[PDB]
Amino acid sequence: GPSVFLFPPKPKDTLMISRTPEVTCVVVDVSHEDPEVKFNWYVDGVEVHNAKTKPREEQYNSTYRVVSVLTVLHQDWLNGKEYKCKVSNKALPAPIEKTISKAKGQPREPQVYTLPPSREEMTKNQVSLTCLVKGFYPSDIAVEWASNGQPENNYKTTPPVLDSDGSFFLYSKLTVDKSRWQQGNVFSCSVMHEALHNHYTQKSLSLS
Amino acid sequence: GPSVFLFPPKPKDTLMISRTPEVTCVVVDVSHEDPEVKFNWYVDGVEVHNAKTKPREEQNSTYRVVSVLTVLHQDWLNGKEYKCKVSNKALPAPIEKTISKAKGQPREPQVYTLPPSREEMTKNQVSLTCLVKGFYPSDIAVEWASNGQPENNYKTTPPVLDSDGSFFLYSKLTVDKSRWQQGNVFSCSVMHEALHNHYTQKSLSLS
Amino acid sequence: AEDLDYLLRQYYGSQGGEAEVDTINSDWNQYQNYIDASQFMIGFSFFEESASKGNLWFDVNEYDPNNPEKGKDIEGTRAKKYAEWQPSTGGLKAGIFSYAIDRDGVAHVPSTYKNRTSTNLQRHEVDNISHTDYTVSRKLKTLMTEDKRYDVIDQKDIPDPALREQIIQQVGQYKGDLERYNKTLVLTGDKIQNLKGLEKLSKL
Amino acid sequence: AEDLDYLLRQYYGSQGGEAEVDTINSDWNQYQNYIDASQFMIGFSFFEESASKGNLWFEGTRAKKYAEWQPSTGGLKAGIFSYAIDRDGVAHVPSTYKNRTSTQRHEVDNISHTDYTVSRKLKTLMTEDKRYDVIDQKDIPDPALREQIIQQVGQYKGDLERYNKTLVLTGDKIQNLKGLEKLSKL
Ligand SMILES: *[C@@H]1O[C@H](CO[C@@H]2O[C@@H](C)[C@@H](O)[C@@H](O)[C@@H]2O)[C@@H](O[C@@H]2O[C@H](CO)[C@@H](O[C@@H]3O[C@H](CO[C@H]4O[C@H](CO)[C@@H](O)[C@H](O)[C@@H]4O[C@@H]4O[C@H](CO)[C@@H](O)[C@H](O)[C@H]4NC(C)=O)[C@@H](O)[C@H](O[C@H]4O[C@H](CO)[C@@H](O)[C@H](O)[C@@H]4O[C@@H]4O[C@H](CO)[C@@H](O)[C@H](O)[C@H]4NC(C)=O)[C@@H]3O)[C@H](O)[C@H]2NC(C)=O)[C@H](O)[C@H]1NC(C)=O
Ligand SMILES: *[C@@H]1O[C@H](CO[C@@H]2O[C@@H](C)[C@@H](O)[C@@H](O)[C@@H]2O)[C@@H](O[C@@H]2O[C@H](CO)[C@@H](O[C@@H]3O[C@H](CO[C@H]4O[C@H](CO)[C@@H](O)[C@H](O)[C@@H]4O[C@@H]4O[C@H](CO)[C@@H](O)[C@H](O)[C@H]4NC(C)=O)[C@@H](O)[C@H](O[C@H]4O[C@H](CO)[C@@H](O)[C@H](O)[C@@H]4O)[C@@H]3O)[C@H](O)[C@H]2NC(C)=O)[C@H](O)[C@H]1NC(C)=O
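Protein chains in written order, with the working numbering: chain A, 1 to 208; chain B, 209 to 415; chain C, 416 to 619; chain D, 620 to 805.
Keep in mind that the hints were calculated from the coordinates and are not lab data.
Even for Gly, the Cβ is constructed at its ideal location relative to N, Cα and C.
Keep in mind that the hints are not guaranteed to be accurate.
[Stated by the list, open to error] Straight-line distance between alpha carbons at most 30 Å, and here's what the computed DSS-like set of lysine-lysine pairs gives: (1) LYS757(D) / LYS293(B); (2) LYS38(A) / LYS529(C); (3) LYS363(B) / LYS124(A).
[What the hints assert, rightly or not] If you want a taste of the chain B side facing chain A, the calculated C-beta under 8 Å gives, among others: (4) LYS220; (5) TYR320; (6) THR321; (7) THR337; (8) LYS341; (9) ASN361; (10) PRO366; (11) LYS380.
[What the hints assert, rightly or not] Far from chain B, by Cβ distances over 10 Å, these chain A residues were calculated: (12) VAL28; (13) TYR42; (14) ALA51; (15) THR53; (16) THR71; (17) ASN89; (18) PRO95; (19) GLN111; (20) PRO116; (21) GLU120; (22) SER128; (23) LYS134; (24) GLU144; (25) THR157; (26) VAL176.
One chain only, chain A, in its complex shape:
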């Protein structure tokens, strides 16, 4: 029978004014025989009709997937309102109801520290610019890098890790050619979190 999965918005989208956050609802293993899938969306038990259902997508022979995407208001999400997705189908005994809301708990402001390469790494053609973000709660966060106003894109960020004080921390690691580091270019580590002013801070990192 059909299953339902309800995914929350990307944390950057909830926190940034330039972006529009979305709750997404996926129905998998839909039969070819009874294909009509009706979605109903609720925000604190209040029906909303502004959702946008994408058409079916054959996964394998005679089995489809159906996604519905509800745009959310930044404030509603951040105030921890419940988003309920209700799915109906002929091959269901009763409709399926899945709910998600934002992680509750006293927010704690992230502390952002940029760390330069190790002397030992400077023997290599590419060096590692590091950004430490610690002491934040909840674990919803987004980290990006930049340089001269342009996005730097060759980076990887660790998942949040629970620290011993109940808060979270992570590391992001931008990799750059040593040449660019030594020439004295400035790099920026952008952190986005609900407990920051305007959900945003930037720390810089250049050669001393």
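Position chains B, C and D with the ligands relative to chain A; hints supplied.
Below, chains B, C and D with the ligands alone, put in the same frame as chain A:
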């Protein structure tokens, strides 16, 4: 019905001669009514009889049953498959779960210790950082030390897949700023199959 | 397409709409520009043994516990539907085909097994292997050859032998082609006396 | 025994032990060498009118116990039977009349029409017993093996754990031997 989880050995145990690595097999949600749980263990599809089943544990009216197979360091590191097979009356067919070490050219970790940020030095506790990058497979172990004694107030990130196919992580030891400024030496120990004797140490002191 | 003798379009399982042939008619609407209907052949599939979700089509009857021979009955089957089905345009189709004819007559696994899988396998009597008489194949062939649309064009349709000849060469040799042919007809020569029967080419 | 369809063993009254079925299990231990459990049937008796000591046998009924009872070995039993079914429903004379010899009386010694209420409850009980569920692919997957085991041990799930004789498996049709482990006493 009953579920099965098969956990690999702790990477330090596979890599250190002082330690004995173990594959562990856990059966959860066993009913009071049909409680008999038989385990069968296989190493490259070859049955082994040296496993050790611990008795049931009420985790209501539902038990948990753990079976622990000791492994040989070489077998694990040569990437042999460990299969755990579970039988029960409340199972339609037996459950078979397998784990092995990730196959692939091993790559030696590069260990770099990073001192606190200038900005963190305004605080009563500061973060000593250890970056380990470019290692494969992702089985690794990181510890801290100072003056021969273990430092224990640290957390390490899970391995993260880098863009070049290797792994990296960060370990973050937290110390009182006083101890950092007084010029004590700290060590970041890394244990991995691609290191000589599966071991290196990088130092970190005030500069 | 210009070099093909036949296109064999596999249409196993339901193809949408009340009569479950939406995709067939929509597809034919395009196919007809490239081939003649006399080249077009639609297929159903028999029940294969140990088939899981992804290969369960229900083109033949399901197992019945009181009638072992239900798999050999073609009544109310997609197989019979395809035998009966014809294009709206162009002309009568070439025929039908079956997949896994070696399974001719075996009943389908019941609807209750519709979502069985390779891991989660729930086997059934009908997953066993059996000798076949090709009973369904012969019923479906006989059905089509006894269909009156495939009756040939006679003097009762087109009296003039000279006109009858040319229409046959251009539209087809069956009564049911006349209704459906929807392209060009070029009539030539001094042998044609009268044009009676030409009114039957309703879609020309 | 070889020519019998059924042996009907009358086990009216207590048969010894805490559960009052010692004599049944001990007897079955011998009976099983001569017949299949599918041929074995145990009986209780209803209360006959004007019965004296020597014919006083007496939920919490030996009737239900016999319906429920099964052999340890061989397989599930054939069923149960009653004596004097014409007395189905009529209650027993109390224990206090335990020795009321021919040289007493009670309301229950009078004759009455019966609806066979007890008989139908005992039949329904047995047909609702899950042990008599048939062997399916959930027990023995391989159809070829399932066939042969059914022919030899019985057609019920509860036969598998009990069958304690020989099983001869033959032919090139058998692919795997899964489910054969359920014949614990083979
Ligand atoms: C999806 O459905 C379509 C049909 O539907 C059509 O499309 C859909 C979307 C809708 O629009 C429909 O309306 C529309 O009609 C399938 O297409 C036909 O469908 C049937 C089944 O429905 C297929 O039959 C299967 O074929 C495989 C083998 O298939 C060969 O051909 C395929 C295409 O050409 C190709 O994809 C395959 O890889 C394979 O090709 C070959 O590769 C080998 C090397 O690997 C090479 O030597 C060959 O020369 C080459 N052949 C070619 C190119 O033709 C067959 O294996 C299937 O049967 C297995 O499963 C059955 C149960 O499901 C079981 O009864 C069978 O016995 C058999 O199973 C096994 O038996 C052996 C021997 O005993 C044993 O060793 C195995 O362990 C056992 N394995 C398993 C797991 O059961 C089956 O007959 C047709 O291929 C296909 N095309 C035509 C022209 O009919 C499409 O295949 C479907 N997709 C999937 C993934 O199922
Ligand atoms: C002792 O108990 C037995 C039951 O207990 C079993 O055995 C003991 C040892 C323990 O191990 C128990 O754990 C175990 O359960 C009795 O067996 C059956 O019991 C019932 C009742 O308890 C008997 O019913 C009674 O039958 C009387 C007639 O008996 C016929 O059958 C006998 C056996 O074949 C035979 O010996 C008799 O001669 C008689 O048979 C016929 O004879 C005539 C004339 O020659 C022929 O014309 C017929 O064709 C013959 N028919 C047959 C089938 O042979 C009834 O007289 C008696 O009824 C009377 O009394 C009751 C109250 O007591 C009244 O309600 C009733 O109205 C009537 O007046 C009763 O129905 C049954 O006979 C036993 N046999 C079977 C197969 O069921 C033993 O009988 C019992 N022994 C004694 C001596 O009491």
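So, going through the hints one by one against the coordinates:
Between the alpha carbons of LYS757(D) and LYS293(B) the distance comes to roughly 18 Å, so the proposed pair stays at or under 30 Å and holds. Taken as a hint, the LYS38(A) and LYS529(C) pair is honoured in the structure, with Cα atoms around 22 Å apart against an allowance of 30 Å. At roughly 27 Å between alpha-carbon atoms, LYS363(B) and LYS124(A) fall within 30 Å of each other, so this suggested pair holds. Against a cut-off of 8 Å between C-beta atoms, the interface hint on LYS220(B) is violated, since the closest Cβ of chain A lies about 19 Å away.
Here the hint on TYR320(B) is kept, as its CB sits about 4 Å from the closest CB of chain A, short of 8 Å. Of the supplied interface hints, the one on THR321(B) holds, with its beta-carbon coming within about 7 Å of a beta-carbon of chain A, less than 8 Å. With a least beta-carbon distance of about 6 Å to chain A, the hint placing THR337(B) at the interface is held under the 8 Å criterion. Annotation: interface hint on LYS341(B) holds; nearest CB of chain A at approximately 7 Å, less than 8 Å.
About 7 Å separates the beta-carbon of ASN361(B) from the nearest beta-carbon of chain A, less than 8 Å, and the hint is met. Given hint, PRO366(B) at the interface with chain A, holds; its Cβ is 6 Å from that chain's nearest Cβ, closer than 8 Å. At a threshold of 8 Å, the smallest CB-CB gap from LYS380(B) to chain A is about 7 Å, leaving the interface hint in force. Distance to chain B confirms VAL28(A) as a non-interface residue, since its nearest Cβ pair spans about 21 Å, more than 10 Å.
Consistency note on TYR42(A): stated as away from chain B, and its beta-carbon is indeed over 10 Å from all of that chain's, at 32 Å minimum. Once the 10 Å rule is applied to beta carbons, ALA51(A) is consistent with being away from chain B; the minimum gap is 35 Å. For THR53(A), the non-interface assignment is confirmed: its Cβ lies about 34 Å from the closest Cβ of chain B, beyond the 10 Å cut-off. Every C-beta of chain B lies more than 10 Å from that of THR71(A), the closest at about 31 Å, which supports listing it as non-interface.
Look at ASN89(A): its CB is around 26 Å from the nearest CB on chain B, clear of 10 Å, so calling it non-interface holds up. Consistency note on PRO95(A): stated as away from chain B, and its beta-carbon is indeed over 10 Å from all of that chain's, at 26 Å minimum. Remark: the non-interface label on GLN111(A) conflicts with the geometry, its nearest Cβ contact in chain B lying 8 Å away (cut-off 10 Å). A cut-off of 10 Å between C-beta atoms contradicts the statement that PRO116(A) is not in contact with chain B; the least separation is 8 Å.
Remark: the non-interface label on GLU120(A) conflicts with the geometry, its nearest Cβ contact in chain B lying 6 Å away (cut-off 10 Å). A cut-off of 10 Å between C-beta atoms contradicts the statement that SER128(A) is not in contact with chain B; the least separation is 6 Å. The beta carbon of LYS134(A) sits about 7 Å from the closest Cβ of chain B, which is not more than 10 Å, so the claim that it is off the interface is violated. Its beta-carbon lying about 16 Å from the closest one in chain B, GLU144(A) satisfies the requirement of being farther than 10 Å from that chain.
Distance check for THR157(A) against chain B: the nearest CB is about 8 Å away, which does not clear 10 Å, and the non-interface claim fails. The claim that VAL176(A) is not at the interface with chain B holds, since no C-beta of that chain comes within 10 Å of its own (minimum 13 Å).
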